[PDB]
Amino acid sequence: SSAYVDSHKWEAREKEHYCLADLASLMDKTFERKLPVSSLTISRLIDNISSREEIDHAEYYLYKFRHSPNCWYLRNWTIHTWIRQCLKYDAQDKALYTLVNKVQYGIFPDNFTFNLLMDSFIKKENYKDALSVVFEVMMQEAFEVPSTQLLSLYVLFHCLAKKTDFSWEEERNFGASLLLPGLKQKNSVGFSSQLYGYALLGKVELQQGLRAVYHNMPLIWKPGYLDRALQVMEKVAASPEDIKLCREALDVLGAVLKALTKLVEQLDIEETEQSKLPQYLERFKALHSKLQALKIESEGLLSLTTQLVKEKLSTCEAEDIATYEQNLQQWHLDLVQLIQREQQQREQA
Amino acid sequence: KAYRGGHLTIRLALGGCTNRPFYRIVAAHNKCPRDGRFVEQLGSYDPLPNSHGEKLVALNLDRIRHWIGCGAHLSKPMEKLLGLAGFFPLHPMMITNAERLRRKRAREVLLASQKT
Amino acid sequence: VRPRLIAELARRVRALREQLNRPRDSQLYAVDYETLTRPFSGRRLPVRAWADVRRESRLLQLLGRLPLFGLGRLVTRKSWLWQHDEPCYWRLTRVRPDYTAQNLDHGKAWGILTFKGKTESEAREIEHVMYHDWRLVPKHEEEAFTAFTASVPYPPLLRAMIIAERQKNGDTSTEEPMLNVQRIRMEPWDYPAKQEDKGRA
Amino acid sequence: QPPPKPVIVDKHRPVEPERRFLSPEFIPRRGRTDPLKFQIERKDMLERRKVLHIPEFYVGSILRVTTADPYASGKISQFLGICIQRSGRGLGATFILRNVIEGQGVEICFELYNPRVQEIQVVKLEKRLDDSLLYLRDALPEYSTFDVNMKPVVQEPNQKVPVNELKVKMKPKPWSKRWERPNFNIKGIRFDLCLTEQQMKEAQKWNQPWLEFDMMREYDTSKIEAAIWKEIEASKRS
Ligand SMILES: [Mg+2]
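Chains as they are written, first to last, in the entry's author numbering: chain AV, 31 to 291, 312 to 344, 346 to 400; chain AM, 10 to 125; chain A0, 6 to 154, 162 to 213; chain XQ, 55 to 292.
These are calculated hints, taken from the structure and not from any lab test. Check the hints yourself; a few may be wrong.
[Unchecked claim] Pair ranges (Cβ atoms, derived):
(1) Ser349 (chain AV) x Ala128 (chain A0): 49 to 55 angstroms
(2) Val217 (chain XQ) x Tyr90 (chain AV): 40 to 46 angstroms
(3) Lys45 (chain AV) x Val217 (chain XQ): 35 to 41 angstroms
[What the hints assert, rightly or not] Counterexamples of contact, computed for chain AV against chain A0 with all Cβ distances above 12 angstroms:
(4) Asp140
(5) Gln238
(6) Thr357
Even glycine gets a Cβ: it sits at the ideal position worked out from N, Cα and C.
Please take these sequences and the hints and turn them into a complete structure.
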């Protein structure tokens, strides 16, 4: 969707054309006297950038703004000025570095801007960058958007193309990321991906405890992830259509390999997951048999089923475009108020 | 002595020579010394038994109620004595101490029965 | 009477200097995890919080990983939810991090709160922000998490005194005297306090 | 995590390019002598310059210097001071430094070619309208009172010389040099407060205007300094 990717409006709409060196000196002396500064200066700077060294200067000035007396304002239109200024001049190393150390820079793109970024990633045909970026979106917890289908495509493709058997950080990242795209409750793909994510989270718990499940990952503390997977399977068997894939075999493998032979966060009366493994496996076999007694093709490759989504993806992209023009109109409406605001100070002087 | 902040407190003042303590419940500020000045002398207490075997203590009910209505905090020994008296609720730490003493005495009797 | 001016001068100058160059909140909240001693103070931490300071992170460090520090996003009082099975949270309204912090991991933020599902139409300062006892709840499992549904005799001496009083008055009043206890809202320890009431070095 | 790297860029076509600057001791004195003397002493100091840098400076600049003392704490001596003047030519060229410390005004005369000195450093580069600042003795101590721990004020790589056009208050009349006369032609001081209009009228008698109008005394240099420049660049290339 080259039309969905490109947009001449942003590049040909409301350019400032001020002196980059003058703006740099102004911002430098203002941050040396460490008084607060409006986002208007950074916005005009970014709109005026036309060079790689200038984007680097802007990166350092954005770091300074993060460490400036004001940090919360976090104007999305300025964030997207920066994002375009970086991605059109092709600094993916810089984009990825900022996006991974968001705490150092604090960039937070919305649905359409992020979908543009990830579509550029598709066009350049890279996987590791997109994978790290979707992990950072898992950190964001922003999935109730038209980019949900793009996130789903990405994860469904990369979890299959990974071919990496042992990695605890990466595996926890995958297990926690496979949930949020599926909360839209759309189809077999959705709730079975939620099932597989529950399975991965329970595996991560049983192999390295519940601490990392929540410490540096926003998750729920209920240890029964296998229990929740069993609940999901039983309610699905009770209830539509369930197009299935052989990742249930991966679930079987994990369960069997865990059944194979300090601070105490677990509650005393409630049993331990180590002691629950046996009945977990018994009920898992039971639900397996019930599902096969009840859909059970396990042939349709899930990454291929994301091509079915491309059509209604091509329908919801229109809604996304419309919301983006609404955002642009709101920005152009409320931003001019801030230009007269500086005129207020200048006329007062 | 104008004490900043602070608050009035009915507490025990000590009298009598060594090995003869005589406590006096009396209202005063939180910052006053032990034997420091006071406002009104409220009551007395002798931790020693008399010729009858009992020991002595006096309470000024109406005045103490007036002081509490005016607002003054209580020290743990004096409110413990009040709770033991009955004008005041009984003390939970007193209940725990009693129960611990009874447990220890039961254990001692058990050990004596074992030895015998 | 002889006046004195250098005393006023010293008072004013000390007040101005301290309110100008007081130590930063992040500076005095920083903790070294291997020794468990705050800089600028040289004080040790309590044994009950040693492990939590070693393991768990701070509120602003948790809020730095999402946009706008998560307005309306669920952070729950780990202590409240370990002390009681009922859900307790914070309707965080306003946030302000400290610019001097490197990771922007310190600041001040508050809004409305709730204790065992008893929400108040009241947005007040939080209590104990700097602790390493903060737990972030996602946006999923949100509604399920947030879902939520006489008298005592007087003392014996006091009741005897009132009996004697009303007998001297003359009325029988065979009813046993009582007081209201449903009115007395005995509040648990963990009910929060007013940050501004407590000072700062 | 890696530390941030601050970088500053200043792009101004008129202001950035400054072309040339010569040292005051390469040039010879009006006296007559064979230029062989000058050229050999020049190549000597230049093949020493290949080692030692002498970050160029001016009168009124703040210099920090480290030198190898024979018998001292660590056998080194570190001194910060204001440049009062640069005197002499050839290798015997020196510069004066001064600083008020603990109420005492100390001053040294550093020779800038002796191996005993280890490093020169410019904490600040500036210029006073007066070429000679010897009146800082009689000036107030607060003007000369400088910090020893002041780290270098970052200066641009290529800029014009910052000139602080200021004036200075002075100690009362009992001075040593009689700075009031027009022979020195100095303006940093404040006559209006240092003396009376009567003293101005009384000192204007020593005005000898014809000194600057005369032209057989002045010393032309253009071709000379050009030849010295070419010798410098030839020695640098070789
Ligand atoms: Mg003399």
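Evaluated hints:
Against the hinted window of 49 to 55 angstroms, the Cβ-Cβ separation of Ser349 (chain AV) and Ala128 (chain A0) comes to about 53 angstroms, which satisfies the hint. Taken as a hint, the range 40 to 46 angstroms is violated for the pair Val217 (chain XQ) and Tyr90 (chain AV), whose Cβ atoms sit roughly 32 angstroms apart. Restraint check, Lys45 (chain AV) to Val217 (chain XQ): a C-beta distance of roughly 40 angstroms satisfies the suggested window 35 to 41 angstroms. With a least beta-carbon separation of about 9 angstroms from chain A0, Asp140 (chain AV) fails to lie farther than 12 angstroms from that chain, contradicting its non-interface assignment.
With a minimum CB-CB distance of about 14 angstroms to chain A0, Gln238 (chain AV) clears the 12 angstroms threshold, and the non-interface call stands. A cut-off of 12 angstroms between C-beta atoms confirms that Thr357 (chain AV) is not in contact with chain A0; the least separation is 22 angstroms.
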